[PDB]
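Undergrad: Residue strings, one per chain:
Protein chains: 4
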Amino acid sequence: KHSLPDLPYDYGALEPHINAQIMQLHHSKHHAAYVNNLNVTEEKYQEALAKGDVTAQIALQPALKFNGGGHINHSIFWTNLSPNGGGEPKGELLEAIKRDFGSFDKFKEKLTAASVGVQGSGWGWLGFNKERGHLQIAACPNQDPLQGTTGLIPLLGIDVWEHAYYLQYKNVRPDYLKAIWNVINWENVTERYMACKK
Amino acid sequence: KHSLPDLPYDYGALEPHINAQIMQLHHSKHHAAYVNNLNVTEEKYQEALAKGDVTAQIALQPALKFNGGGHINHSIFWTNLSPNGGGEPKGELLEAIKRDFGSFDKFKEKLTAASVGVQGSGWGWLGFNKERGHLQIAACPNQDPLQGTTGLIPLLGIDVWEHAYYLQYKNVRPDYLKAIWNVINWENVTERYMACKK
Amino acid sequence: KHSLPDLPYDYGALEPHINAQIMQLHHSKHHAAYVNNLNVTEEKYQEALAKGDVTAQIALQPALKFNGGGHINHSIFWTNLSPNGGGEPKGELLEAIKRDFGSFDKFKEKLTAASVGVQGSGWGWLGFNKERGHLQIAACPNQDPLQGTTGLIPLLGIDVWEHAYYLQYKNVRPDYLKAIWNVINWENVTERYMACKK
Amino acid sequence: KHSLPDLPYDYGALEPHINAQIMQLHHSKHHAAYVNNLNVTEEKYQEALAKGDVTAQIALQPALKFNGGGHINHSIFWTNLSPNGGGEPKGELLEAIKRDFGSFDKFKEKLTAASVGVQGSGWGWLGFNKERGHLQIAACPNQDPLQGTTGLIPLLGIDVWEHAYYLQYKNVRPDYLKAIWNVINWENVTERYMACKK
Ligand SMILES: [Mn+2]
Ligand SMILES: [Mn+2]
Ligand SMILES: [Mn+2]
Ligand SMILES: [Mn+2]
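Chains as they are written, first to last, in the UniProt record's numbering: chain A, 25 to 222; chain B, 25 to 222; chain C, 25 to 222; chain D, 25 to 222.
Bound conformation, chain A alone:
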């Protein structure tokens, strides 16, 4: 059984960068929808699985990738932002970003171009490639999860579905991305990094 995680800050804690109204609808409407449908779908699936019914298992796959992915991605998302975040990573995480993108700024330009560039709904991700020992940016469509579709471990992700910025920045998806770099909980992406290194 899956549950909606509690938000770790209040809904208006990230104003002026992302405001309360967006935070509230994102969490308790959208994310709530995903874990409920995830729970329904996993249940239908199990029953299909027991009957040995392969047509049903395959029929169910799009709902399980959409709702399972939504739940995963929004859950990493909420911990990736903090009332008290922004600035630059430190330690090993920042030297991996220098090692792989040249510098933090060339890292920002590249994750801003990938997120801005998604055609339709999607997410931009900073991920860890454990097969190669290095950081990598990937973009994903719809709610498709970074690890399950790609194999990379998600460290920082940015929602660019229009429900994530539209009441506030309207169509200006670059203004949302300039705003977002101000609330990034670098302390959490460092920890995400650190568990791969384990």
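FYI, nobody ran anything at the bench for these hints, they're computed from the structure. Take these hints with a grain of salt, some might be off.
Identical copies look the same in the list; a pair holds intra-copy or inter-copy alike.
Claimed, not checked - Calculated pairs, DSSO-like style, for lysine-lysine (alpha carbon to alpha carbon, straight line, at most 30 Å):
id	residue 1	residue 2
1	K68	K132
2	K75	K222
3	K134	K68
4	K222	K68
Got chain A; can you put chains B, C and D with the ligands on it based on the hints?
TA: Only chains B, C and D with the ligands this time, still in chain A's reference frame:
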């Protein structure tokens, strides 16, 4: 070479159903963007094609499908709404629908479910299957147009991208749907029906 | 637990149209691979499901659609051909084909164009659309099943992966399709039809 | 406008590794087909483009990606084999591979697994990531070319479509793979390495 069509009604005209601020953004910002990037892609494709560069041509296909399909689809969408819209179609279109669906209500139910059901960004479409001579409800992702990708002739489309409803309906995509029926310009839909029995 | 079905005729029973060597490799090498990997994958999945692990369930989806689909499709395939088949359907099935494609011959041209037309590996299908009460041809990529991806009930399908004709017809995929119409067990596609009508 | 390149060796030359009958079919029938349908599509696209017909352009994209990518990919493939092939690369390419993979053996293992692992028709590719300056193993489906779809520069490709091995290896795609190492023309691969550090 491609021009943003003029909306055939003032922005404020489909109130209270679709509000004036969505109509201005959707037309002047969302559709205007598609036309302009389509123009730039067609031109680059022309050069790529001139030179026999198959890599460049393959690399420009997403851009050309996204923006060209975006321009097709919003232009049909604007002719599908009217201040004088709503109600029911009469004559040969209503007969067509009744054979194919049973009742306008079943039709309406089947296309609302096809619209509300899209995952991520996309469109639901009432189309005509020329080979079979029959009406068909398709759904397309992102901006992929009906004819170019399915071969169905576009009769009626309803955009369900979040930018089409969010400022007014927020996440309640069914409330948007129920309201859009009130401005559907059945005159234009039947012209299109008339034209592929042409 | 899934098992390789027994072939209902000997491996050379369909010469000269499809020969023994192809039949043997298709059944006991290729189809055998699919049900074994289906059995491994369903098992991994169940265990992922129990742990509530969504990333693993999604990771497993391509192997479950590929191997589950392979098993389904090849299993319908073997019953679709007979040493003693060919000719034309009778009864209701033939009047549905007249009703939907105009005639049996216009039915053959259309399922031959769809199978010939698949780009890469795939299958052409004659299917039943239970939502609309009519027959429909669909083409599918790789081993994606007709009912699980599309919702149509499979009645007659044609494998056009190259392992299905290459040792015999080489690249001339039209020669394989002319040959195949001679071994089609129409008595079985009638029965498949009849269970939808139930 | 596009021409089938002449094979740089006689058909019989990669015996016993790849036999003479596969080399004749693959070149004169499989690749010759791609070139010719590419020519016909480029021309129709030209007309579609001349007229500002975005539907026609979108409808011709599969054909143009299938056939153009098919022509790209087989042409690089023929320069990748040699009668005088096999063994190991030496010099700067072998250094590159060793940094990126560890040993030629790990490289060979990782690309064989990426090749044997494709589902359906496709290709495995050793590529260069220009932005990162590093070697990458990609796999592509059907005929989608590396650069046009991933941006990686194509260094070494191995076709794993069934027509590339079936007449000689039947379903044992690993035996094909193990043998193809014996004709890889590492001279041509390194020219390509040399050229995007150009
Ligand atoms: Mn979201
Ligand atoms: Mn729109
Ligand atoms: Mn097969
Ligand atoms: Mn080939």
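Undergrad: List, from low to high, the hint numbers that the structure doesn't satisfy.
TA: none
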